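Colleague: Residue-level listing of the chains:
2 protein chains.
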Amino acid sequence: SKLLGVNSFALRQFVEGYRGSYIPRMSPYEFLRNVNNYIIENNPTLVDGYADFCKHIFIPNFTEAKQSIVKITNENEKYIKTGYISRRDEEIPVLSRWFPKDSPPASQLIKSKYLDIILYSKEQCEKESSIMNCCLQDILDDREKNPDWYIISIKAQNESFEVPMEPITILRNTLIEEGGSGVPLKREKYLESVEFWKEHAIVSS
Amino acid sequence: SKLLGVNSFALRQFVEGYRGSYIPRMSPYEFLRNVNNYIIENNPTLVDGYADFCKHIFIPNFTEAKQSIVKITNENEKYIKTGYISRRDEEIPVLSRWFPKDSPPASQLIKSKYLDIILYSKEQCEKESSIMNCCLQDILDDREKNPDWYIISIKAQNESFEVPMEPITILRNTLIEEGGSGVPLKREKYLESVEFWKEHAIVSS
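Read top to bottom, the protein sequences are chains A and C. FYI, in the entry's author numbering the residues of the first sequence are 0 to 204. FYI, in the entry's author numbering the residues of the second sequence are 0 to 204.
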């Protein structure tokens, strides 16, 4: 509401090798028009996220972005990679596990059914930008020069509901400086997240 | 001078399956006796730790405790296990990686050269215990029923200086409720620990 913008954080997902939902063969700008059209044409439901500043829409996947999370099994565990990875240069690296794009669990995957489009308020985006401050430029729809909400993340998934965020994401959100949305840890949310992520991994690239 | 105690947190290291430095076939009291007898005989240097409430003593290893950390290489990385484990019952679980006791990296290891004996102030132990509500018994030397300093951790290691704590531990130290000692995160301390723990994993049990 009104139409959307794209926050500069999301721009990492249009670059091959992204650890999660890689959106291929389309520009961020072309990605934003299409999402915005969906909105104009279908008036989707704006869904509460984990805090007041965070919303979600779920849309059919109009991209060739593939399923990016797979269940970990006895059979496929041997393909887990591990390492200390940053989301971006400004952040400290975090202990992270994933299936590599080259591995058996990732060779099967096809286009995901939906897209979970994660939105931050204008205010929250500004708040974090006045702490870390990246001099990167957001991508605006020519139809909307001052959007109230920005796309910060895109999850390519077969569920049309919110999948829990990784437990380290939750832990980092405790530290705006490092940053960090700036929300206190809620034990119950953290433990829900852990129960999901004990048996799932992100697929790289 | 005074002599030391054992904080209840350190008791977990005398149980086989400990994730790190397992002290074998010796009671915590017999451990503390020998440590205090070394203090009286040898006047060891009390070395500052990461915070004012934390010190170390580095002692020749008088136990059969084995080297508990191994350099990760391209040929042993296949033996890494991953998972969400808690340090104790009241802690939330955290993403971890290790070499299992059975793995080829762990079959070669022998008695370590030194012990790093990590101390917390009486004050700090009190402060954390009153935030977490714990109910384990501290181990006291008959010779010192009111120590100024308590053994919280024992590292069985081959160098006579402080090895960086895991990144996890530094992040949890920002939350005393989780806890947590706790201390605002130092970017540069954190990054120093990442550069070590990139190439190193604990050996279990």
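The set of hints was computed from the structure by calculation and includes no laboratory data. One thing to keep in mind: the hints can contain errors.
Each pair may be met inside one copy or between any two copies, as identical chains are not told apart.
As the list claims (entries may be wrong) - No more than 25 Å apart at the CA atoms, straight line, and that leaves these computed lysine-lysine pairs for PhoX-like:
id, residue 1, residue 2
1, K197, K121
2, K80, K197
3, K80, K185
4, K144, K1
Colleague: Give a verdict on every hint.
Modeller: Status of each hint after checking the structure:
no., hint, result
1, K197 <-> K121, "neither (33 Å within a copy, 36 Å between copies)"
2, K80 <-> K197, "both (14 Å within a copy, 13 Å between copies)"
3, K80 <-> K185, "neither (28 Å within a copy, 27 Å between copies)"
4, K144 <-> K1, "within (10 Å within a copy, 68 Å between copies)"
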